[PDB]
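In structure tokens, the next block holds one chain alone, the form deposited in one PDB entry.
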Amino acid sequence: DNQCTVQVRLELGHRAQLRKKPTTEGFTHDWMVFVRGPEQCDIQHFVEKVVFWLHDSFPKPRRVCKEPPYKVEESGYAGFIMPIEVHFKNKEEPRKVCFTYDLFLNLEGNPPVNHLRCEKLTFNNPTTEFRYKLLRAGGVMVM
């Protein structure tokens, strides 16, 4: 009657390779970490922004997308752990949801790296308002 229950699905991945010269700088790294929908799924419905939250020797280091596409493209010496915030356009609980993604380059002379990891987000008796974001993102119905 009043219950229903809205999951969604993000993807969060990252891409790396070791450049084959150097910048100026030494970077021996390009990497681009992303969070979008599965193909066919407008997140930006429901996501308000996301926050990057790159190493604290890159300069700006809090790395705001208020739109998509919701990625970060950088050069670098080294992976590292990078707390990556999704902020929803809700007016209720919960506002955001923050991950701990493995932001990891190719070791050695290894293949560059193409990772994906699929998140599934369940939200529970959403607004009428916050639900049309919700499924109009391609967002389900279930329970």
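Take the two forms, superpose them, and find the largest set of C-alpha atoms that agree within 1.5 Å; that set is the rigid core. Positions refer to the first chain, counted from 1. What changes on going to the form deposited in another entry:
Comparing C-alpha positions between the two forms after a rigid core fit, one residue in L107, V97, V64, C118 moves 2 angstroms or more. It is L107.
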Second form
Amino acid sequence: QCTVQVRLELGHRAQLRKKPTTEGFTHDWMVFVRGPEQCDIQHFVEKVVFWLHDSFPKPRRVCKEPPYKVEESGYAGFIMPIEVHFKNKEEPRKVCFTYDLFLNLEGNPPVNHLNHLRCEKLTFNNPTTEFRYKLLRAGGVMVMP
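Show the form deposited in another entry, please, because up to now only the form deposited in one PDB entry has appeared in this conversation.
Single chain only below; no partners, no other molecules.
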């Protein structure tokens, strides 16, 4: 009875533009999904889908290859659903996350640049030898339940 644990980092960067765009976009931002500490999650990740707000053209943004990121400009923050799909025949084939993109914070001295990061731990129960190999090539660690 083997249990495999893998870690993913979800984060974002946002910066006030020197000059707003013609449509009034005030900020440049990036949202990303990556492995911690030089672990390559491409061994076990097939693709990552970033679901942007309806206001953006073609909101369903797909990264099938690293880097897994979206870089955009805008005027407001929003909740971004994010789907990480696995290189697995069996279930689970995907995991769903939600990421809160925030562009600003209220502060005595204004800050032009912002960055945030979260650590998400994923647990797979009795994977196949092929998928286990994939998770462990990406820095996964196995415990016994």
